[PDB]
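Working notes, structure below.
Excluded from the complex is one protein chain; the other protein chains are retained at their positions.
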(Lines give C-alpha, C1' and ligand atoms only; values in the text may rest on other atoms or scores of the structure.)
Protein backbone atom coordinates (compact mmCIF):
# COMPACT_ATOMS: atom_id res chain seq x y z
CA UNK A 1 0.00 0.00 0.00
CA UNK A 2 1.18 3.54 -0.99
CA UNK A 3 0.81 6.69 1.17
CA UNK A 4 3.14 9.16 -0.68
CA UNK A 5 4.05 9.59 -4.38
CA UNK A 6 7.15 11.68 -5.16
CA UNK A 7 7.92 13.05 -8.58
CA UNK A 8 11.61 13.89 -8.93
CA UNK A 9 12.69 17.15 -10.52
CA UNK A 10 14.50 20.47 -10.46
CA UNK A 11 12.41 23.59 -9.94
CA UNK A 12 12.38 26.53 -12.34
CA UNK A 13 11.39 27.54 -15.85
CA UNK A 14 14.98 26.71 -16.59
CA UNK A 15 14.48 22.98 -16.09
CA UNK A 16 10.69 22.51 -16.31
CA UNK A 17 10.96 20.98 -19.82
CA UNK A 18 14.04 18.80 -19.35
CA UNK A 19 14.40 15.03 -19.17
CA UNK A 20 15.20 15.12 -15.41
CA UNK A 21 11.75 16.41 -14.65
CA UNK A 22 10.11 13.28 -15.94
CA UNK A 23 9.04 12.30 -12.42
CA UNK A 24 7.34 15.67 -11.87
CA UNK A 25 5.65 15.31 -15.21
CA UNK A 26 4.03 12.17 -13.91
CA UNK A 27 2.94 13.43 -10.51
CA UNK A 28 1.59 16.65 -12.14
CA UNK A 29 -0.47 14.60 -14.50
CA UNK A 30 -1.84 12.56 -11.57
CA UNK A 31 -2.42 15.73 -9.62
CA UNK A 32 -4.31 17.45 -12.36
CA UNK A 33 -6.50 14.41 -13.23
CA UNK A 34 -7.32 13.94 -9.52
CA UNK A 35 -8.06 17.65 -9.25
CA UNK A 36 -5.61 18.60 -6.59
CA UNK A 37 -2.68 20.44 -8.16
CA UNK A 38 0.48 20.79 -6.07
CA UNK A 39 0.80 24.05 -4.18
CA UNK A 40 3.92 25.24 -2.36
CA UNK A 41 4.53 23.90 1.15
CA UNK A 42 7.91 25.09 2.51
CA UNK A 43 7.69 22.77 5.56
CA UNK A 44 8.53 19.87 3.17
CA UNK A 45 10.80 21.65 0.65
CA UNK A 46 8.55 21.11 -2.33
CA UNK A 47 5.13 21.41 -3.80
CA UNK A 48 2.57 19.11 -2.32
CA UNK A 49 -1.04 17.99 -2.55
CA UNK A 50 -3.47 15.50 -0.97
CA UNK A 51 -5.83 13.23 -2.91
CA UNK A 52 -8.10 10.42 -1.89
CA UNK A 53 -7.47 7.04 -3.50
CA UNK A 54 -9.51 3.95 -2.71
CA UNK A 55 -10.87 6.02 0.13
CA UNK A 56 -7.49 6.61 1.80
CA UNK A 57 -5.19 9.61 1.84
CA UNK A 58 -2.45 9.64 -0.77
CA UNK A 59 -0.04 12.53 -0.79
CA UNK A 60 1.81 13.98 -3.79
CA UNK A 61 5.18 15.69 -3.60
CA UNK A 62 7.59 17.32 -6.06
CA UNK A 63 10.63 18.59 -4.18
CA UNK A 64 11.84 22.13 -4.79
CA UNK A 65 15.26 21.10 -3.42
CA UNK A 66 17.00 20.37 -6.70
CA UNK A 67 17.72 16.83 -7.81
CA UNK A 68 20.78 16.47 -5.62
CA UNK A 69 18.91 17.07 -2.38
CA UNK A 70 15.63 15.37 -3.17
CA UNK A 71 16.26 13.26 -0.07
CA UNK A 72 15.78 16.30 2.24
CA UNK A 73 12.07 16.74 1.19
CA UNK A 74 11.18 13.12 0.83
CA UNK A 75 12.62 12.43 4.29
CA UNK A 76 10.98 15.50 5.83
CA UNK A 77 7.47 14.64 4.69
CA UNK A 78 7.59 10.89 5.24
CA UNK A 79 8.58 11.41 8.93
CA UNK A 80 5.90 14.04 9.53
CA UNK A 81 3.24 11.55 8.46
CA UNK A 82 5.07 8.49 9.68
CA UNK A 83 5.17 6.82 6.27
CA UNK A 84 7.54 3.86 5.70
CA UNK A 85 9.86 3.61 2.71
CA UNK A 86 7.76 0.77 1.13
CA UNK A 87 4.73 3.08 1.11
CA UNK A 88 6.64 5.68 -0.88
CA UNK A 89 6.54 5.61 -4.69
CA UNK A 90 9.22 7.60 -6.41
CA UNK A 91 8.89 8.52 -10.07
CA UNK A 92 12.11 9.30 -11.95
CA UNK A 93 13.63 9.52 -15.38
CA UNK A 94 15.44 6.36 -16.43
CA UNK A 95 18.35 6.15 -18.94
CA UNK A 96 18.04 2.35 -18.98
CA UNK A 97 14.60 2.24 -20.50
CA UNK A 98 13.66 3.94 -23.79
CA UNK A 99 11.11 6.69 -24.47
CA UNK A 100 7.64 5.20 -24.49
CA UNK A 101 8.39 2.60 -21.79
CA UNK A 102 7.82 2.87 -18.04
CA UNK A 103 8.31 0.22 -15.31
CA UNK A 104 7.75 -0.26 -11.56
CA UNK A 105 10.31 -1.69 -9.09
CA UNK A 106 10.77 -1.97 -5.32
CA UNK A 107 14.24 -1.08 -3.95
CA UNK A 108 17.43 -2.05 -5.79
CA UNK A 109 20.14 0.17 -7.32
CA UNK A 110 20.08 3.93 -7.80
CA UNK A 111 21.27 3.43 -11.38
CA UNK A 112 23.46 6.53 -11.25
CA UNK A 113 20.47 8.87 -10.69
CA UNK A 114 21.54 11.35 -8.04
CA UNK A 115 17.96 12.14 -6.93
CA UNK A 116 17.58 8.50 -5.94
CA UNK A 117 21.07 8.37 -4.45
CA UNK A 118 20.11 11.17 -2.01
CA UNK A 119 16.75 9.64 -1.13
CA UNK A 120 18.39 6.32 -0.19
CA UNK A 121 20.81 8.23 1.99
CA UNK A 122 18.36 10.54 3.67
CA UNK A 123 15.87 7.73 4.34
CA UNK A 124 18.38 6.38 6.85
CA UNK A 125 20.17 4.56 4.03
CA UNK A 126 17.30 2.41 2.85
CA UNK A 127 16.62 1.81 -0.83
CA UNK A 128 13.36 -0.13 -0.18
CA UNK A 129 10.86 2.23 -1.68
CA UNK A 130 8.94 1.88 -4.88
CA UNK A 131 10.13 3.41 -8.06
CA UNK A 132 8.35 4.28 -11.30
CA UNK A 133 11.09 4.22 -13.95
CA UNK A 134 10.11 6.52 -16.80
CA UNK A 135 12.28 5.69 -19.79
CA UNK A 136 14.12 8.57 -21.44
CA UNK A 137 16.94 6.75 -23.25
CA UNK A 138 20.73 6.92 -23.55
CA UNK A 139 22.70 9.61 -25.42
CA UNK A 140 25.26 7.04 -26.59
CA UNK A 141 28.54 8.10 -25.01
CA UNK A 142 28.86 8.46 -21.22
CA UNK A 143 29.96 12.06 -21.86
CA UNK A 144 26.93 13.85 -23.37
CA UNK A 145 24.87 12.62 -20.32
CA UNK A 146 24.48 15.74 -18.22
CA UNK A 147 23.38 17.79 -21.26
CA UNK A 148 21.05 14.95 -22.17
CA UNK A 149 19.18 14.73 -18.86
CA UNK A 150 19.28 18.51 -18.54
CA UNK A 151 18.02 18.77 -22.10
CA UNK A 152 14.56 19.09 -23.62
CA UNK A 153 13.64 16.03 -25.74
CA UNK A 154 12.54 16.28 -29.40
CA UNK A 155 8.83 16.17 -30.16
CA UNK A 156 8.97 12.55 -31.34
CA UNK A 157 10.43 11.50 -27.98
CA UNK A 158 8.13 13.73 -25.96
CA UNK A 159 5.15 12.18 -27.73
CA UNK A 160 6.39 8.79 -26.55
CA UNK A 161 7.24 9.65 -22.96
CA UNK A 162 3.84 11.37 -22.54
CA UNK A 163 2.11 8.13 -23.61
CA UNK A 164 4.09 6.01 -21.14
CA UNK A 165 3.37 8.55 -18.42
CA UNK A 166 -0.33 8.59 -19.28
CA UNK A 167 -0.61 4.83 -19.09
CA UNK A 168 1.39 4.74 -15.82
CA UNK A 169 -0.95 7.37 -14.40
CA UNK A 170 -3.99 5.49 -15.62
CA UNK A 171 -2.81 2.33 -13.88
CA UNK A 172 -2.21 4.23 -10.69
CA UNK A 173 -5.84 5.33 -10.52
CA UNK A 174 -6.81 1.67 -10.93
CA UNK A 175 -4.72 0.19 -8.10
CA UNK A 176 -7.22 1.52 -5.67
CA UNK A 177 -10.28 -0.50 -6.75
CA UNK A 178 -10.76 -4.34 -6.85
CA UNK A 179 -12.25 -5.97 -10.01
CA UNK A 180 -15.59 -6.45 -8.21
CA UNK A 181 -15.83 -2.75 -7.23
CA UNK A 182 -14.64 -1.89 -10.78
CA UNK A 183 -17.59 -3.95 -12.24
CA UNK A 184 -20.02 -2.67 -9.49
CA UNK A 185 -19.29 0.71 -11.10
CA UNK A 186 -19.60 0.10 -14.87
CA UNK A 187 -23.28 -0.85 -14.10
CA UNK A 188 -23.66 2.60 -12.48
CA UNK A 189 -21.75 4.49 -15.12
CA UNK A 190 -24.52 4.51 -17.68
CA UNK B 1 -28.39 29.45 -26.15
CA UNK B 2 -31.93 29.95 -24.82
CA UNK B 3 -34.65 29.08 -22.32
CA UNK B 4 -34.15 29.79 -18.60
CA UNK B 5 -37.13 31.18 -16.71
CA UNK B 6 -36.70 34.94 -16.32
CA UNK B 7 -35.19 36.18 -12.99
CA UNK B 8 -37.40 38.03 -10.37
CA UNK B 9 -38.40 37.61 -6.69
CA UNK B 10 -37.39 34.19 -6.39
CA UNK B 11 -36.53 33.09 -9.36
CA UNK B 12 -32.83 32.33 -8.73
CA UNK B 13 -30.16 29.58 -8.72
CA UNK B 14 -28.08 28.57 -5.66
CA UNK B 15 -26.51 25.29 -6.88
CA UNK B 16 -25.16 24.18 -10.34
CA UNK B 17 -24.51 20.46 -10.83
CA UNK B 18 -22.49 19.06 -13.70
CA UNK B 19 -23.23 15.39 -14.14
CA UNK B 20 -20.49 12.87 -14.78
CA UNK B 21 -18.54 9.72 -13.88
CA UNK B 22 -15.27 10.02 -12.03
CA UNK B 23 -11.96 8.55 -13.18
CA UNK B 24 -9.44 9.11 -16.02
CA UNK B 25 -11.44 6.28 -17.53
CA UNK B 26 -14.44 8.48 -18.23
CA UNK B 27 -13.07 12.03 -18.04
CA UNK B 28 -13.19 12.36 -21.83
CA UNK B 29 -16.53 10.68 -22.58
CA UNK B 30 -19.85 12.05 -23.73
CA UNK B 31 -21.47 11.45 -20.32
CA UNK B 32 -19.22 13.94 -18.63
CA UNK B 33 -20.59 16.80 -20.75
CA UNK B 34 -22.15 18.28 -17.60
CA UNK B 35 -18.89 18.30 -15.67
CA UNK B 36 -17.17 19.85 -18.72
CA UNK B 37 -19.57 22.74 -18.33
CA UNK B 38 -19.27 23.20 -14.58
CA UNK B 39 -15.47 22.97 -14.84
CA UNK B 40 -15.48 25.68 -17.47
CA UNK B 41 -17.56 27.87 -15.21
CA UNK B 42 -15.50 27.04 -12.22
CA UNK B 43 -12.21 27.83 -14.01
CA UNK B 44 -13.46 31.11 -15.55
CA UNK B 45 -14.79 32.17 -12.13
CA UNK B 46 -11.50 31.21 -10.49
CA UNK B 47 -12.70 28.62 -8.10
CA UNK B 48 -11.86 25.16 -9.36
CA UNK B 49 -13.71 22.26 -7.79
CA UNK B 50 -11.93 20.55 -4.92
CA UNK B 51 -12.81 17.27 -3.24
CA UNK B 52 -15.57 17.39 -0.54
CA UNK B 53 -16.52 13.93 0.68
CA UNK B 54 -19.43 15.31 2.77
CA UNK B 55 -21.35 15.78 -0.54
CA UNK B 56 -19.94 12.85 -2.54
CA UNK B 57 -18.27 14.90 -5.28
CA UNK B 58 -16.06 17.87 -6.07
CA UNK B 59 -17.39 21.26 -5.07
CA UNK B 60 -16.58 24.92 -5.13
CA UNK B 61 -18.21 28.28 -4.18
CA UNK B 62 -18.42 31.25 -6.55
CA UNK B 63 -19.99 34.71 -6.32
CA UNK B 64 -22.58 35.65 -8.98
CA UNK B 65 -24.50 38.95 -8.97
CA UNK B 66 -23.17 39.22 -5.37
CA UNK B 67 -24.86 35.95 -4.27
CA UNK B 68 -23.27 32.59 -3.35
CA UNK B 69 -23.57 30.07 -6.08
CA UNK B 70 -22.20 26.58 -5.46
CA UNK B 71 -20.84 24.16 -8.00
CA UNK B 72 -20.93 20.42 -7.72
CA UNK B 73 -19.75 17.51 -9.80
CA UNK B 74 -20.69 14.22 -8.17
CA UNK B 75 -18.06 11.50 -7.76
CA UNK B 76 -20.93 8.98 -7.16
CA UNK B 77 -21.13 7.64 -10.69
CA UNK B 78 -23.94 8.65 -13.04
CA UNK B 79 -26.39 6.17 -11.54
CA UNK B 80 -26.33 7.63 -8.06
CA UNK B 81 -25.92 11.28 -8.92
CA UNK B 82 -29.04 11.85 -6.78
CA UNK B 83 -27.17 10.89 -3.57
CA UNK B 84 -24.81 13.90 -3.96
CA UNK B 85 -27.29 16.40 -5.32
CA UNK B 86 -29.67 15.56 -2.49
CA UNK B 87 -27.00 15.68 0.23
CA UNK B 88 -25.75 19.10 -0.69
CA UNK B 89 -29.11 20.70 -1.38
CA UNK B 90 -30.48 19.79 2.10
CA UNK B 91 -27.37 20.94 3.86
CA UNK B 92 -27.87 24.40 2.41
CA UNK B 93 -31.68 24.21 2.34
CA UNK B 94 -31.78 24.73 -1.45
CA UNK B 95 -35.02 24.03 -3.33
CA UNK B 96 -35.21 22.03 -6.51
CA UNK B 97 -36.09 25.19 -8.58
CA UNK B 98 -32.82 26.71 -7.38
CA UNK B 99 -30.81 23.80 -8.73
CA UNK B 100 -29.45 23.82 -12.29
CA UNK B 101 -28.36 20.41 -13.61
CA UNK B 102 -26.14 20.20 -16.66
CA UNK B 103 -26.19 17.00 -18.63
CA UNK B 104 -25.40 15.40 -21.97
CA UNK B 105 -28.45 15.24 -24.24
CA UNK B 106 -28.99 12.66 -27.04
CA UNK B 107 -31.96 14.66 -28.35
CA UNK B 108 -29.95 17.72 -29.34
CA UNK B 109 -26.93 17.69 -31.64
CA UNK B 110 -23.29 18.67 -30.97
CA UNK B 111 -23.05 22.43 -31.03
CA UNK B 112 -26.48 23.07 -29.49
CA UNK B 113 -27.36 23.57 -25.80
CA UNK B 114 -30.75 24.49 -24.26
CA UNK B 115 -32.27 25.26 -20.85
CA UNK B 116 -35.49 23.77 -19.42
CA UNK B 117 -37.31 23.62 -16.10
CA UNK B 118 -38.64 20.18 -15.02
CA UNK B 119 -40.11 17.65 -17.44
CA UNK B 120 -38.86 14.25 -18.61
CA UNK B 121 -35.62 12.50 -17.71
CA UNK B 122 -35.31 11.55 -21.41
CA UNK B 123 -33.64 8.23 -20.57
CA UNK B 124 -30.66 9.82 -18.82
CA UNK B 125 -30.12 7.79 -15.60
CA UNK B 126 -28.30 10.64 -13.83
CA UNK B 127 -31.44 12.73 -14.00
CA UNK B 128 -33.65 9.70 -13.18
CA UNK B 129 -31.77 9.34 -9.86
CA UNK B 130 -31.87 13.04 -9.05
CA UNK B 131 -35.66 13.22 -9.49
CA UNK B 132 -36.01 10.20 -7.24
CA UNK B 133 -33.57 11.39 -4.55
CA UNK B 134 -35.03 14.90 -4.43
CA UNK B 135 -38.19 13.35 -2.95
CA UNK B 136 -39.46 12.52 -6.45
CA UNK B 137 -39.53 16.00 -7.87
CA UNK B 138 -38.40 16.81 -11.42
CA UNK B 139 -38.75 20.55 -10.97
CA UNK B 140 -35.22 21.73 -11.21
CA UNK B 141 -33.44 23.47 -14.04
CA UNK B 142 -31.53 21.59 -16.68
CA UNK B 143 -28.91 22.62 -19.16
CA UNK B 144 -29.20 20.16 -22.06
CA UNK B 145 -25.82 19.85 -23.77
CA UNK B 146 -26.28 18.28 -27.18
CA UNK B 147 -24.18 15.25 -27.95
CA UNK B 148 -26.28 13.51 -30.66
CA UNK B 149 -27.69 10.03 -31.46
CA UNK B 150 -25.63 7.04 -32.58
CA UNK B 151 -28.50 5.91 -34.85
CA UNK B 152 -29.60 2.53 -33.50
CA UNK B 153 -30.87 2.11 -29.91
CA UNK B 154 -28.13 -0.47 -29.47
CA UNK B 155 -24.75 1.28 -29.76
CA UNK B 156 -26.02 3.84 -27.12
CA UNK B 157 -23.99 2.80 -24.04
CA UNK B 158 -20.72 2.73 -26.04
CA UNK B 159 -21.71 6.09 -27.48
CA UNK B 160 -22.29 7.93 -24.18
CA UNK B 161 -19.34 6.20 -22.65
CA UNK B 162 -17.26 7.05 -25.70
CA UNK B 163 -15.00 9.98 -26.50
CA UNK B 164 -16.28 12.05 -29.41
CA UNK B 165 -14.29 12.84 -32.54
CA UNK B 166 -12.49 16.20 -32.75
CA UNK B 167 -15.12 17.68 -35.14
CA UNK B 168 -17.84 16.97 -32.57
CA UNK B 169 -15.77 18.05 -29.56
CA UNK B 170 -15.02 21.35 -31.31
CA UNK B 171 -18.78 21.82 -31.60
CA UNK B 172 -19.71 20.79 -28.07
CA UNK B 173 -17.05 23.06 -26.63
CA UNK B 174 -18.53 26.02 -28.49
CA UNK B 175 -22.02 25.34 -27.18
CA UNK B 176 -20.62 24.92 -23.62
CA UNK B 177 -18.67 28.17 -23.88
CA UNK B 178 -21.79 29.99 -25.01
CA UNK B 179 -23.88 28.40 -22.26
CA UNK B 180 -21.29 29.33 -19.65
CA UNK B 181 -21.07 32.91 -21.00
CA UNK B 182 -24.95 32.80 -20.87
CA UNK B 183 -25.59 31.57 -17.37
CA UNK B 184 -23.36 34.48 -16.43
CA UNK B 185 -25.72 36.94 -18.00
CA UNK B 186 -28.73 35.33 -16.46
CA UNK B 187 -27.55 36.17 -12.95
CA UNK B 188 -26.76 39.76 -13.96
CA UNK B 189 -29.50 42.37 -14.49
CA UNK B 190 -30.03 44.28 -17.74
CA UNK B 191 -28.78 47.64 -16.39
CA UNK B 192 -25.65 46.57 -14.45
CA UNK B 193 -24.60 44.41 -17.40
CA UNK B 194 -24.75 47.15 -19.95
CA UNK B 195 -23.08 49.59 -17.48
CA UNK B 196 -20.35 46.98 -17.03
CA UNK B 197 -19.55 46.58 -20.70
CA UNK B 198 -19.27 50.38 -20.63
CA UNK B 199 -16.50 50.09 -18.04
CA UNK B 200 -15.26 46.88 -19.71
CA UNK B 201 -13.58 48.92 -22.42
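In this document, chain identifiers A and B correspond to the written order of the chains, with residue numbering beginning at 1 in each.
Simple rule for what comes next: a residue touches a chain if its C-beta (ideal position, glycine included) is under 8 Å from a C-beta of that chain, and two chains touch if they have at least 3 such contacts.
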- line: Answer key for B:93, B:153 or B:199 versus the chain not shown reads B:199
Absent chain, residues of chain A that touch it: 10, 12-16, 20, 37-40, 47, 65-69, 114, 146, 149-150
- line: Residue list for chain B contacting the dropped chain reads 40-41, 44-46, 177, 180-181, 183-185, 196-201
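The rule we apply is simple: only the chains that are shown with their structure count from here on.
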Statement: Whole-angstrom distance, CA centroid of chain A to CA centroid of chain B, is 34
